[PDB]
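In structure tokens, the next block holds one chain alone, the form deposited in one PDB entry.
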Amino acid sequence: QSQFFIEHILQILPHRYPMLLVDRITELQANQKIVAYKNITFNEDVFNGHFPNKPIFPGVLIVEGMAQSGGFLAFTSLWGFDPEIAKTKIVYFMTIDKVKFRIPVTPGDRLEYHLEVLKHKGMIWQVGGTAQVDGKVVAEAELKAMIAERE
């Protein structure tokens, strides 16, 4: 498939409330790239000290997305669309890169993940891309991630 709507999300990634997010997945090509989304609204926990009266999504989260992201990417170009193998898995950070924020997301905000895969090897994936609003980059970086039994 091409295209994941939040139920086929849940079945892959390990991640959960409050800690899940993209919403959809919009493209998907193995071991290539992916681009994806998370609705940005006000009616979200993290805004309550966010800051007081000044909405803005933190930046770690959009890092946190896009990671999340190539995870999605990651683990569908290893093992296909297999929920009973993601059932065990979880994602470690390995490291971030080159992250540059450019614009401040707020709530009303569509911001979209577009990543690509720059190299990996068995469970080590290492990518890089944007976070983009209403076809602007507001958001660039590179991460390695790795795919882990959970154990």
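Residue numbers count along the first chain shown, from 1. Heads up, when I say rigid core I mean the largest set of C-alphas that superpose within 1.5 Å between the two forms. What changes on going to the form deposited in another entry:
- Annotation: the position in 56, 85, 96, 90 displaced by at least 2 Å at CA between these two forms, with the core superposed, corresponds to 90.
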Contents of the next structure:
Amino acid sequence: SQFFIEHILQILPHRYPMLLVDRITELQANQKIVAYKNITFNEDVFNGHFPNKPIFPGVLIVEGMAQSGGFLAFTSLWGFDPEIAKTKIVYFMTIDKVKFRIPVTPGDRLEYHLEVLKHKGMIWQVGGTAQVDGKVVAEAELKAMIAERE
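Now show me the form deposited in another entry; what you just gave was the form deposited in one PDB entry.
The next block holds one chain only.
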């Protein structure tokens, strides 16, 4: 059900400054994940994107959505297993149908909504939205391959 930052750190190999999921609030094996990242001015990205106009990069929304899809794929296959997590990679192959509707700024709670669209063998296809305060700010479709870490 609920996974906190300690739990996310044991499953995802991502680390600062590229770990872009703070908490998982809903997880349904093989179906869907609801997760989020808090947006704050005290992030390094905002030094350059943009000076005097802080806007969370669209591509990092898509990345945070990828990280949520990967956590869902992994936990669907093995559950919360830190030991197996160390031996796996989720390689993202394609990104499709992404639209940005509302900018994301410091003070926003950026909620990733992702569902499994297609799972066939090692290939996972996941899609959904990013939301701030019940409003769709971004949508994206993503495809990933599960493999062994080397």
